[PDB]
Amino acid sequence: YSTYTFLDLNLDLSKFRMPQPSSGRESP
Amino acid sequence: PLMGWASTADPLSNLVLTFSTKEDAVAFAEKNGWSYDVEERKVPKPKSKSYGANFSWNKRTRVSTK
Amino acid sequence: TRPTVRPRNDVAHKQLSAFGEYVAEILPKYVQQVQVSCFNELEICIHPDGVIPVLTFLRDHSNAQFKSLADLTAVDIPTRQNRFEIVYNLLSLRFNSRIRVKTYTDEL
Amino acid sequence: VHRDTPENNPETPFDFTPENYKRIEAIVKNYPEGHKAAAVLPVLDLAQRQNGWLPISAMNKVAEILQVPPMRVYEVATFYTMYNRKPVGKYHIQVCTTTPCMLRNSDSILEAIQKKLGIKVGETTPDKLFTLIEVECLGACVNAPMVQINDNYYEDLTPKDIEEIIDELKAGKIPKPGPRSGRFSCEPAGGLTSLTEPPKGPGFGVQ
Amino acid sequence: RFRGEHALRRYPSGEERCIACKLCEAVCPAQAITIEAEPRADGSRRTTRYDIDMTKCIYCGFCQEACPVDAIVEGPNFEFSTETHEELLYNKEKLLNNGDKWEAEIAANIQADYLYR
Amino acid sequence: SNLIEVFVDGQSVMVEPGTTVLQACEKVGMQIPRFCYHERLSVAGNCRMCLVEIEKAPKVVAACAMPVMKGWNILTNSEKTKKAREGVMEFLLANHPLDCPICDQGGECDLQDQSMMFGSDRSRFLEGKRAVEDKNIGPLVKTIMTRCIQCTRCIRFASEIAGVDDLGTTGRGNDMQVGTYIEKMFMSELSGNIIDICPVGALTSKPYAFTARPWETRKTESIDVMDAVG
Amino acid sequence: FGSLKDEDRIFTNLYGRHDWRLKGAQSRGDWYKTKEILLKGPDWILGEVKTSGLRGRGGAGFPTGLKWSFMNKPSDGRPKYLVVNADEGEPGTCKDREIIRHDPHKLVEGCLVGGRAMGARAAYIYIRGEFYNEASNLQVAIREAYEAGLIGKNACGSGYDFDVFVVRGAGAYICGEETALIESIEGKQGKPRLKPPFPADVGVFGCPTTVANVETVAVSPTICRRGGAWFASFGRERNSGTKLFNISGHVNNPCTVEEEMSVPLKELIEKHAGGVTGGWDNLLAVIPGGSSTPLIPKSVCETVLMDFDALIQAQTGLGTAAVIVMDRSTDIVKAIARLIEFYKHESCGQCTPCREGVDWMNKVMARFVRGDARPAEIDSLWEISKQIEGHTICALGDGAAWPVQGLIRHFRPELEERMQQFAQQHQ
Amino acid sequence: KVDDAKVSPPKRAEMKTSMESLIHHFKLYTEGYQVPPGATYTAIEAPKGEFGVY
Ligand SMILES: Cc1cc2nc3c(=O)[nH]c(=O)nc-3n(C[C@H](O)[C@H](O)[C@H](O)COP(=O)(O)O)c2cc1C
Ligand code: SF4
Ligand code: SF4
Ligand code: SF4
Ligand code: SF4
Ligand code: SF4
Ligand code: FES
Ligand code: FES
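Same order as they appear, the protein sequences are chains F, G, C, 9, E, A, 8 and B.
Okay, so the first sequence: first residue is 80 according to the deposited numbering, each after it adds one.
Okay, so the second sequence: first residue is 110 according to the deposited numbering, each after it adds one.
Okay, so the third sequence: first residue is 45 according to the deposited numbering, each after it adds one.
Okay, so the fourth sequence: first residue is 40 according to the deposited numbering, each after it adds one.
Okay, so the fifth sequence: first residue is 96 according to the deposited numbering, each after it adds one.
Okay, so the sixth sequence: first residue is 29 according to the deposited numbering, each after it adds one.
Okay, so the seventh sequence: first residue is 32 according to the deposited numbering, each after it adds one.
Okay, so the eighth sequence: first residue is 357 according to the deposited numbering, each after it adds one.
Just chain F, with the same shape it has in the complex:
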């Protein structure tokens, strides 16, 4: 019910814990 305010979704608490990332490499 708000068109903006995606930083509450995206990077608010999901930046503190990602987790972790390790995610491998794949450089390539």
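Think of the hints as simulated: they come from the structure by calculation, not from any bench.
Where a beta carbon is used, it is the ideal one built from N, C-alpha and C, also for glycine.
Relax, there's no trap hidden among the hints.
What follows is a list of derived Cβ distance ranges for each label pair:
id : chain 1 : residue 1 : chain 2 : residue 2 : range
1  : G       : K151      : A       : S106      : 30 to 40 Å
2  : 9       : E72       : A       : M58       : 46 to 56 Å
3  : C       : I121      : G       : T117      : 21 to 31 Å
4  : A       : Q59       : C       : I121      : 21 to 31 Å
5  : B       : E401      : A       : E136      : 42 to 52 Å
6  : F       : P98       : 9       : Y60       : 20 to 30 Å
7  : 8       : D429      : E       : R112      : 42 to 52 Å
8  : G       : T117      : A       : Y236      : 17 to 27 Å
9  : A       : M254      : E       : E110      : 35 to 45 Å
We have chain F already, so just place chains G, C, 9, E, A, 8 and B with the ligands on it with the hints.
Using the frame of chain F, we list chains G, C, 9, E, A, 8 and B with the ligands on its own:
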């Protein structure tokens, strides 16, 4: 020099024969007795192609834009 | 299959099969290949030594007259190791049938 | 319509807000590095969120962010439906016409919008902001021919809503982001109650 | 449907109906036609030289029926009998003159007979 | 050692574990009709013009891109293959202009040397034929993208060998074009070499453009000297 | 089938619609026995769904208990991921945005539980961009529990605990098929791969993954929880369990519906609650599914239950679970013609069978709705539908033959009278 | 004409609307047909004798 028709002597100029093999190729230039020069048959690489190798984890072949 | 496609028959495809079966059975000195054409005609390959006798066998007989020579022709073929191709052709006036005599050769 | 650019604005320009650059940090952290390489679906759509409709100079900018060739981005922005390249309005309205919405009496939620508004059908308003399109396949055809807006949706449509939602937004109101009448909770109505209780002894996982 | 002298028609107000598509020269059995095209300056392609011998012309009607754009037509006038072999070779700019001496003759013929072919 | 004995048309042949139906059937001397597959490129499956009816199966597969398992019966000429090749190649010959008087690949084009041999006999559309517009790329490559069977063969060239990533696939559904979205010219070395790749008369030569049809030329092989490798 | 039911009760696999839709404390159903479920190994859950043999609610069979255990390579050197769908692409589905409406806590209950079966690393769920308010509350529903230390990166009590990474498309295609979603999860244009390369659990994002549906994993907590000897509840021994329905088209209350296997549609559609059109002596021409099912008249389908083979006993079965009718006022040809018009505006464009075969039909299907000149084009239009089956890659080739192929069936005087009217009018 | 169009050319009002008609009008005039191999012979009654082709 009246039209532009590419007129000519050289009465052979249009002769292709179709021989089945090399073994019976040179066996006709000798029986009538003129010189020759032989090319070679070329057949390509066998080769290694595999769809599904276009998607990699660490390799370099990875295509896009499709 | 449909219209505008030629209808065949198995009558002449069986008789001309069965007839020239024994032209290789009773002169196996000369005849070296016989094959049946799909459009109900006969070809018979003959070594060039049998140029006169297998005609002469045909020329008069009770079972195969073939008394009319329609067409003698000749085809040249490079890459065969024996160039030319002499092709005889005959007509059974009593029987309404055709057979061709294909004798290979060379120049000399 | 066409999908080509006859050089309106090659350099518009369109640069981002320093509040927006730190949100680009969070997206790259999600994807595994190396094959990360394209976060183009939130990154280009974040450029739509700042502007409203993104010109060709916005497409050249994100290529320098993600070190991709530019044609890798011109391609992707012209496939998906939601992105906008022509100029748009303040309120981009969507009348969800499909087969069951045709059966759910879209006929009066059809024109008589233009008799209510005064524009051409399927067309933007001549002035500024009302721009009318029609879309397919968003959720409920169990409702009426629902009307989505840029932040919500309006279930249970009717010509009275056409007399309201068009009317109240011209003054700038919020015409009920939800079902304006009927069941507020989308219930079976004759099967809605079903004796609300704890769900009959949790704990069968002994097994 | 008579066969005779050759012609090249053109559209209402002129376009030289030929487009040099090279079929009227590939099914002459006698190899009379001799076409050499070039991209003309406007962008549409046309001929430069067009040559029909009137001696190798065996008078088929294979040019008349191979043409897609319906241009080269065996026209219905047996008026001939020139006195030099240097003359019966035709150029392009004879045929148009010979094809615009009449088109009231030819277009009355083809309108009667295009319904069969 | 390390081969699968696979029976093509009821006749054995021995192929490596990991080849295609295309190459294996090209070993015993048969050419399935090819559009979206050139040897020196990658492989895509986006025209569906090789359709082999594999024996003892309900479905029909593409012989371009699939492995060959334990010994199948690759049944090329059947009554379900020949109902598919005839059905695929009526589709693309619909949305297509009526050239060959003036299109410059009038001698070799593979909507023409299939469509006598394989493919249909007559047309049923009977009106339509969408018409996109052309543009320019360079003064080497005349570009008429009306013709366009959309085989994506020129696009996989650029992402491959001639490493300028410039062309793309722009659109959805029937509405798509091929050429560059911005008006960028595409020019490098090997830039004019795409006009051999292009299997119909879309990409054609600019200086040669309207001179002669290719059944008249006299091919004599030769070697060119402007460079190191010859 | 048993006793022809398929009832509706309160002992269900859903929590509740009207109770509470926001964040909460996971009152009774959610997180009941949390760590004891995943305390055991994978084979305790591998094959455990065979007590139901849950076929899968994506739109096909191939049971979801089998795709997780079987067709699942153990490991070589590379990670694994989960891809949970949430896109609803079949028109008039509404099976999603009702699960996300009031019960969002249940989806992360079996996200970590379902991924233990594969042993995957991360979880990528995929929501349509157009559903933005409900997907906004989904990320809020993460922080209610996941942020509270219940899940990740070692919570609770196990070394296996991971995240959920939410993305959005825009207006995409990848609902109706996999292998276009794992392409559009990258950034490419979503023009899908071939479906058997090496299929979707061999070649994926960079390394093999799985593709499941919403209630393919939303039922997975409670199906592993309640289990039984209840998981075979209704229907025959072919299908087992209870599946979510929806009622659309013409009704007094088009509403959400919950039931079990093999209920007859004559008593199911009239119930909950009004059948406001002609229940009888009108047509009540029904469609079994969303878009992969053609028309049925008032014949034996009203006597036929909702088993998978019951509709396969008819001409076409369906797994979308969407019901739409048109009794009296609606024109029959007019409604389905705008469903063929739909496919022109979603289709990919790669294969020459689908592209330029649908538009062969959409140009001429709009002629039949008009009423025009001479028939016998119908059998030609029937043949073209008979000519897109194994030719296209994805199901949208197969999902475009079926509304044509069944309209040509079942219905003789459809346009034989309509084209007669224009033939009479021109006369 | 024989109908199957790999032998006969089509009508002039047919190679001028449809697409499949040029490809069998054009290419039936650059190259000819394709006829399978194998010899033949025939004879009709020409009004003085025969007329045979090998
Ligand atoms: C007509 C049709 C519509 C479909 N719609 C969807 C859809 O809206 N959402 C979805 O996830 N899958 C849809 N699918 C099927 C996908 O292929 C499916 O999601 C994928 O195969 C996973 O299936 P699963 O549930 O067995 O995991 C649809 C299939 C068809 C034939
Ligand atoms: S008349 Fe026809 S065939 Fe002759 S040059 Fe002109 S276009 Fe070509
Ligand atoms: S009449 Fe026949 S031979 Fe003479 S120019 Fe015309 S096509 Fe050639
Ligand atoms: S130029 Fe035309 S024929 Fe060549 S790949 Fe592109 S679309 Fe296909
Ligand atoms: S590209 Fe194909 S269809 Fe087009 S003119 Fe050439 S041969 Fe005809
Ligand atoms: S059905 Fe055809 S258009 Fe649709 S995804 Fe498959 S190949 Fe592409
Ligand atoms: S399709 Fe229009 S609302 Fe569901
Ligand atoms: S035929 Fe080229 S893709 Fe299969």
